[PDB]
Amino acid sequence: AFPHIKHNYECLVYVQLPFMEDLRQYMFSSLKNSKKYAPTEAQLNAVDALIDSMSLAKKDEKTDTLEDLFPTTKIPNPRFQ
Amino acid sequence: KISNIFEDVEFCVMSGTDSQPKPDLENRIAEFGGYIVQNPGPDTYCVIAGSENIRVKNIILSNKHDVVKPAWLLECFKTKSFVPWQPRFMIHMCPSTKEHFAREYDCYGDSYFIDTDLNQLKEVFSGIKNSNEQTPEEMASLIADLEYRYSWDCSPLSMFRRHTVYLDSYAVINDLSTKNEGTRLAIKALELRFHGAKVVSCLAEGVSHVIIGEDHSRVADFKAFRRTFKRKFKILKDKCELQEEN
Amino acid sequence: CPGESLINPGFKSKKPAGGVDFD
Amino acid sequence: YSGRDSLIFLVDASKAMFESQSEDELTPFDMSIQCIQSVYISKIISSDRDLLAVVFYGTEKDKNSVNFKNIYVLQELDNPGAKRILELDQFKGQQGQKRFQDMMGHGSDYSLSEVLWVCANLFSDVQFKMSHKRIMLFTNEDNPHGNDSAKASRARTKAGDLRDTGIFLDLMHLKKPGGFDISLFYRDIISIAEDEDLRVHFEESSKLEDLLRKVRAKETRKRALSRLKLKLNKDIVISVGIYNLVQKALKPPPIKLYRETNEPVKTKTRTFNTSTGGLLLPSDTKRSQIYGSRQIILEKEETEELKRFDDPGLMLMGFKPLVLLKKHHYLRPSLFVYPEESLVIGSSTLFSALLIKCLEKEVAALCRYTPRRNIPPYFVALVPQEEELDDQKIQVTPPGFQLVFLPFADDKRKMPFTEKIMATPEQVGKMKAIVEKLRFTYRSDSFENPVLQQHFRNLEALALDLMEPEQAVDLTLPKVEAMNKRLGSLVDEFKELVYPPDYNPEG
DNA sequence: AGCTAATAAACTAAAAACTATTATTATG
DNA sequence: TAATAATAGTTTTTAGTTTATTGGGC
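Protein chains in written order, with the deposited numbering: chain C, 408 to 488; chain I, 654 to 890, 899 to 907; chain D, 180 to 202; chain B, 32 to 538.
Calculated directly from the structure, the hints in this document are not laboratory data. Note that CB positions come from ideal geometry on N, CA and C, so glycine has one too. Honestly, I wouldn't trust all of these hints.
Quick list of in silico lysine-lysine cross-link-like pairs, DSS-like style, CA-CA up to 27 Å [claimed, not checked]:
#1 B/253 to D/193
#2 B/123 to I/710
#3 I/722 to I/654
#4 B/463 to C/413
#5 C/466 to B/358
#6 B/262 to C/465
Okay, the calculated beta carbon distance ranges per label pair [to be verified]:
#7 B/256 to D/182: 21 to 29 Å
#8 B/227 to D/197: 19 to 27 Å
#9 I/755 to B/249: 47 to 55 Å
#10 B/359 to C/485: 51 to 59 Å
#11 C/411 to D/200: 29 to 37 Å
#12 B/489 to C/411: 36 to 44 Å
Put together the whole structure using the sequences plus the hints.
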């Protein structure tokens, strides 16, 4: 249970938590430690440029906020349509 | 096969784990043609239970079948015939079986049309736990009723436990909180436990038996108390103390 | 391997029940 | 998969295993056999598909195929069964040990080389893919086979041989009053990947406490959910594995079986012409939904293609800062994505670059996810979870992208709301103090479903057909008396602070 | 003082993953 | 003349159906 505060009201939120059985642990090697798959710096810069091109939020001027360019939480499920 | 009576009747052989294991008992059941079922069905007359299991515990909970110990079936196989269902192999049973046993037997192993013997009476008596919570006077009254009503007045031993006798056992009278040593009062106190004739050591108007104890010096006290009551004290003429009730 | 359940290879050795303490 | 697991237990059939320093302590054979029972129960519930065997050495008789004297095998490598548990427990106890010593001998000379031959042959018997040739044995002494130098030499030669063959073995320290004599005869001859031998261990101080503890789980192996692919724009595609580091377990489905034969009866199910009494066909099927009066008929692939939107895969939407996700926005248990070079070679390099870059940018990956064929694709967010190690440098968190799901508009369910109500700051401080009274540090493995535990308890109890079933302990019950004594009068103090003195919270 | 509706649970089928093998063609 | 290559055979989740289900009613 954790709080959720709005301008007009506040409430707590219940989220069911797993037991030990639900959990499972597996090995996963770190890629940075595998130097055979270390990206080149120019590749990283191109990735960052694409990230800037993939920024689905805009830093709003005159009010410093990140507006959403694609709000999916307020989008229905097209399967029924 | 050996006896067709054990056939045509379904038996829930689920716990044969006894000194005799399950498989050989099941083989003997097949030899008598007894119908074997692993799970208790409605057509199954009784469930075979040897050792106790949690499954047997649920069977106890399931008021549907009759829990049967291996002794009854072993005796049936030795006799080649059904042994009567007196409760000595019984643990839990159907309400129909409850009514059946309440009909053919009383609330215990005693029967209603078969004369009791030593074995069944001893088993019934030993089955019930200790139930000594009543007053000793109730004991005295009930045993006296048993003696007089049933013409049971033939007990070889009767000194002081059971009914209707009086005898002083203390040198000091009306003060029974102390015991006087160096005399015969201890012997009388010992005699007032085992054989049986109710103990009375208090002076009241309800005593009509004239008895002199092992001490001859108490006759003075006896005569002093004689005037207090209407009764007159008479000189005394088994009991092994030479006492008379008159 | 340290931090591994010997009874169950390749898996974490679970800590038993601990409840809560008072400090 | 990549192999399976199997263990074999070795017990010294001697008299040193049949004594005790004091009657409070069981015989070595006693706690060994009970720990074996616990291990077998754990294996049955956890990994019953494994192989387990029991062999004895030092006894007067023998049962091994080669017929080496004193080498009596009890049970062979098999999936554990309750019958084996019964066979073990018939001698488990202060009198079952005597029963064993009656029907079975104990105490005689032998060679450890011989038991190693026997166990190696038993290994040869199994044929499935195998990964952990773990060997377990129990004793408190080592030097008896060092008494004969030739026996010691042949035993160590065979030990080196089996180590070369990949066999791994482990010994339990048992309580020898004069000390187990570590480093005298075994750790120089037994297989160890590390050395902690410092004390000759006059007692049984080693890992029985873990083994006797009963575990209750399934521990499903590392199986890739899918090698599904990320379609960057239309052609830039990488191969990544899908995983769920948490997966809700549930009670195994029952098996419908008979009463007197107990046989699981096969159940064929079909449909026949009700109006005729004949027979119907799967082709002769038409589903209907009537909205009011009109009836609409749909077929198999008709109902399939409505679910068809795109190929099963990942379709990148864009990037958004992690903070722009509402925590209370939850849909279902999250997933995990791991890269792979199995299909797209170099995709691991791209995955690492993306992880590092987005970690620098503190942004989330918006993507269109299609699990399998004919499923509406849903938008999801890929938060980069960095691999974290511990003091042991073990992955408390693996590297990759934790896959959290984005709910839709229909998911939002508005409720009749109320105004904003505040509280006095002193009551807030009282709440802070009261919380601090009962505060604690949460740990994930500290809680478990007691219902499944009781289910197990019943399951092994009826398997063990005892008088009574084991009673599980609920770890989810609050320590009401402990919490109340820990709080004090602050509870009623705040009760009168907020709740009316005349009106209890009860209606 | 008579009345009954969401529902998690259970029960299914159904779809994928993950092994384990082999009807095929050069080719002499 | 004879080796290799798509293939199904097990689990395993997983996503629809089914059901017995406390509350109000008046």
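Hints, verified against the model:
1. A distance of roughly 18 Å separates the Cα atoms of residue 253 of chain B and residue 193 of chain D; the hinted pair therefore holds under the 27 Å criterion.
2. Between residue 123 of chain B and residue 710 of chain I the alpha-carbon distance is near 24 Å, which keeps this suggested pair within the 27 Å criterion.
3. A C-alpha spacing of about 22 Å is found between residue 722 of chain I and residue 654 of chain I, which places the hinted pair at or below 27 Å, so the restraint holds.
4. Between residue 463 of chain B and residue 413 of chain C the CA atoms are separated by roughly 21 Å; this keeps the pair inside 27 Å, and the hint holds.
5. Restraint check for residue 466 of chain C and residue 358 of chain B: satisfied, since their Cα atoms lie roughly 21 Å apart, inside the 27 Å limit.
6. With a CA separation close to 24 Å, the supplied pair residue 262 of chain B and residue 465 of chain C stays within the 27 Å bound.
7. A beta carbon spacing of about 26 Å between residue 256 of chain B and residue 182 of chain D agrees with the range 21 to 29 Å that was offered as a hint.
8. Range check, residue 227 of chain B to residue 197 of chain D: Cβ separation about 25 Å, and the 19 to 27 Å hint holds.
9. Between residue 755 of chain I and residue 249 of chain B, the C-beta spacing of about 52 Å keeps the proposed range 47 to 55 Å intact.
10. Checking the proposed 51 to 59 Å range against residue 359 of chain B and residue 485 of chain C shows it is violated: the Cβ atoms sit about 25 Å from each other.
11. In this structure the supplied range 29 to 37 Å holds for residue 411 of chain C paired with residue 200 of chain D, their Cβ-Cβ distance being about 31 Å.
12. At roughly 40 Å, the beta carbons of residue 489 of chain B and residue 411 of chain C sit within the given window of 36 to 44 Å.
The structure does not agree with numbered hint 10 stated previously, though it agrees with all others.
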